[PDB]
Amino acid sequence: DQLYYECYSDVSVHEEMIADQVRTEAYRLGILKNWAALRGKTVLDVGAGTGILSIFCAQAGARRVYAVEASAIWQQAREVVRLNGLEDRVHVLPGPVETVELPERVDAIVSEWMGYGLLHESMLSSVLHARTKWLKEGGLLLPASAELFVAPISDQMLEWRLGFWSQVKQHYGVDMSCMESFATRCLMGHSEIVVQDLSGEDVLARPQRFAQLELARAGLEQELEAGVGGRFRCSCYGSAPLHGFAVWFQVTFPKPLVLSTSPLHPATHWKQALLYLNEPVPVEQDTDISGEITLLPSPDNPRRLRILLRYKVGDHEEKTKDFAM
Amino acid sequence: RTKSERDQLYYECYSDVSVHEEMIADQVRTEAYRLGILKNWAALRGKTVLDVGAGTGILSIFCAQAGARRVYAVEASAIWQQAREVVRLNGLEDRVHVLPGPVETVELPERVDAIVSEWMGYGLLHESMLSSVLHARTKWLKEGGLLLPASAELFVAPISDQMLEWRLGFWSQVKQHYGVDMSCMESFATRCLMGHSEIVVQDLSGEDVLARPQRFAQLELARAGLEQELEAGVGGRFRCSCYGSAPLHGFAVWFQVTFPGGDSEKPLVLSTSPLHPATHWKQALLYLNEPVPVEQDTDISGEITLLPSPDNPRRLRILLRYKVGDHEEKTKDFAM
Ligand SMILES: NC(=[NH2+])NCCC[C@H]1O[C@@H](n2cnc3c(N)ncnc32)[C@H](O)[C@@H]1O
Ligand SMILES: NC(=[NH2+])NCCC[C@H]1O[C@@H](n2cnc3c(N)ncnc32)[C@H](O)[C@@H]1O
């Protein structure tokens, strides 16, 4: 745990998260749009960082915010709260949320806990521990749920990198087309999850929701250990080389506001989690693709995301690939 | 990591496509070698060439296209098998010979007329590949032979880094967009972003340059005894006067290499300066612990030494000694 917390003692990660305008505006609005449910109520900010989300909760009308932060950045949060004149009702409490002592259970929890592929970092378990210990019955969760999506992809950037070697002749007068098979093995033949941003034109079929996480659900923490995911089925839009699948998520706040990391929506720092096949597979309009995706903690490191992929393209035999972040 | 582990990582890196894609996609770099080689056709026609660390073989092929009779393309990582295919694909395997393994233990049939190599790393000497080129020169280059490029030059300039300024000022600008005052974090951000002792590789522009760049070292690859200068430290002293008022953030170090042949007084130069087109080498930034205000005609002097790290000969270390105006001389010790 200590190694993890120390990653957040440096300014850069916090600058990156606030500079993610889609992320930060969405949390801001998700909180402020809940003013009626927060007015005069108490809030626990799990992993409060610099404190910015706790101050949004105060602007929404919370009577008190407990801002709990395990890394050294809590000292900066204390100063931010003081600078904004909110030390009377926003209280920064250092340490893990699992052992912090609050004066009272709270009406609401706010937290930005999502990692790459949703569950990389595994910070959800700390939010669920706080829910069990400190959230009043039926309390407000900001956000309250996460939804997981998959779509087959033809990655235009990958195509360009594989095709790069056949363009060397035009650039420098040396033919290097024979490098394409080697490049394919290098860029696709591995078993790592690739975090990369796609565009709408990389999506080869209607995205499918394959799992939903309800943060209030008691027993969710046990589900995370066993893996979360599910089956999916789709049919391709048209002819292209299938490179694999993109996985992304959205979270929904108590119309409810949705923060999405879909390639069809404005870019975020999460991008998408790309699962490449070992080599491209030609697909056509109406080619059926079915499969199953499971998000699991790595055996060597619970905080490291693993994804089991099972898939069937058209008539081909079912195949499997086991990815890790 | 142990030496065994460092060697394995190096092998894995250059056995993989990504680094070679980056180098070849670096058009300034690759065009400079193509033209610099072709401009030496008169010295290369009918002669033999050793390409130290040939990679995919593209530079060896440039040498064949310039008229070389025979090219030995020596490559230690698994990419040598890709280079063999590339050479065959272009119909050149009967005089471009891809040879696997370290140049330090390869066997050639004779000493060669010329050596070509793209050996430069970040801050010129990060990765420390020059030593292999010099080993090949001593062992395989004929007396009075040709080196391509023939020399490298190191430059320094004081900088006011506009990107760093933006990152340091980020916290003071949060409130005007999100309604939360975070100005109090500027000191913390400064400690995090400047108080470290890491060399930062980043692209600068001419706007960031606070004074006329100063050349502070030159490496003549033909010089016997250059290998001994590498271990003792490469560098030199500098002085400059600031263009105007701005916060001094530290210094940028960059290099160029010069190809022989052509105009004896205007050789072909591959530059990584912020004043010239971008390359994958960017520049090596040496940040002071905190910004220092300077004015027009503020004098800045000091000394810069590039050394291999004691824990890892492939890891660049830079010792900076510097004096700003009337302030006392200061020192800072950076590592890549
Ligand atoms: N969205 C993410 N991928 N990560 C969000 C991390 C936000 C903050 O939560 C802090 N943090 C993480 N786990 C804990 C914990 N159990 N208790 C308290 N603070 C924590 C961490 O130090 C950081 O400052
Ligand atoms: N400009 C740089 N910063 N590095 C250029 C490295 C180019 C190629 O030289 C190869 N290489 C490195 N050292 C050696 C050596 N001693 N002998 C042979 N090949 C080598 C390495 O495997 C790579 O494929």
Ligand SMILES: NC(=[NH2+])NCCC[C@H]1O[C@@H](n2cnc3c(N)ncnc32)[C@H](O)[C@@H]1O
Second form
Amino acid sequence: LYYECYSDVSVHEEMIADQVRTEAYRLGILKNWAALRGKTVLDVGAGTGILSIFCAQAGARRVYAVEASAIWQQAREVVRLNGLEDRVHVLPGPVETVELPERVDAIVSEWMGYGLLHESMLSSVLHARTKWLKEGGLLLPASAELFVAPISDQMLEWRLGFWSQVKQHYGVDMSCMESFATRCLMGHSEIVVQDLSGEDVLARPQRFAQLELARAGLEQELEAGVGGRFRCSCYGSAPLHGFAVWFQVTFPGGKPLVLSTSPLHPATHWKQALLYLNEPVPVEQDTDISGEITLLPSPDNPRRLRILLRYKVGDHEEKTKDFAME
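Let's see the other form, the form solved without the named molecule, since the form solved in complex with the named molecule is already up.
Just this one chain is shown here; partners and other molecules are left out.
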């Protein structure tokens, strides 16, 4: 028989094979053994169930693993296989309307999407806190931070310069293709998910927001836009291609465990979210760059990430570019 679960198997494979992600959660949960042991937990967007089993293994008394997608069935199978059907309970459907027998002492979730908030489960986590979390109850992870830096994307640089190098390899000039490749690769308003390294970072990264997940007003702030201003000074001479946005999340310490998606840190499946200018701009050591970044819901889909960028490079005029995920 035939199945169309290829894409489905692929994404869960990707998340679990992300050892930075998955080991951070394993360790972050065990860090909170003292506050979990004998306690009840809700896992929002439980997927294949691995995080809920981790909670069990930190000594949680009972875990409710809620998952709306079709993978919920594999999660029940996995729970059973680990001898935990008595303690970890798999409930299909969205957390917004699932009905539990009791309020919980903790919520755990890997809710983060690309650019933190693309197709993320944050709204669901916050709905569940309000509805099902006891007072004094805990959230794992407990906070997030957002960062921006200017970039000189060395791979993009190579793709654009490609056409001018054709002469040197095949003896035909194609340098005229360069303006075209620039229009095609940068002349759009889509957020590009791509992994960079420090070789691409052109100024000290800046934190432009800090979100305490349990704080009053966050659901409203998500609606109106999460972001802030930033200022930085370039390291050296390079083509500025735009900006990169990434995040970290923090687990309580029970020294906090930080899971980072920075290009200066080990790679993760989240990579980074790249915001390209329409064409490269030359910068130099100490060229100043300021601006503002705002993460927003899209008009027809709150879970499709929009990013509004305002930026000023040196003594160029401030400009605006409004981006969205495909």
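Positions refer to the first chain, counted from 1. Between two forms, the rigid core is the largest collection of C-alphas that superpose within 1.5 Å.
- A movement of the C-alpha atom of residue 25 falling short of 2 angstroms is seen between these two forms when the two forms are aligned on their rigid core.
- Core-based superposition between these two forms puts the Cα shift at residue 171 at 2.4 Å.
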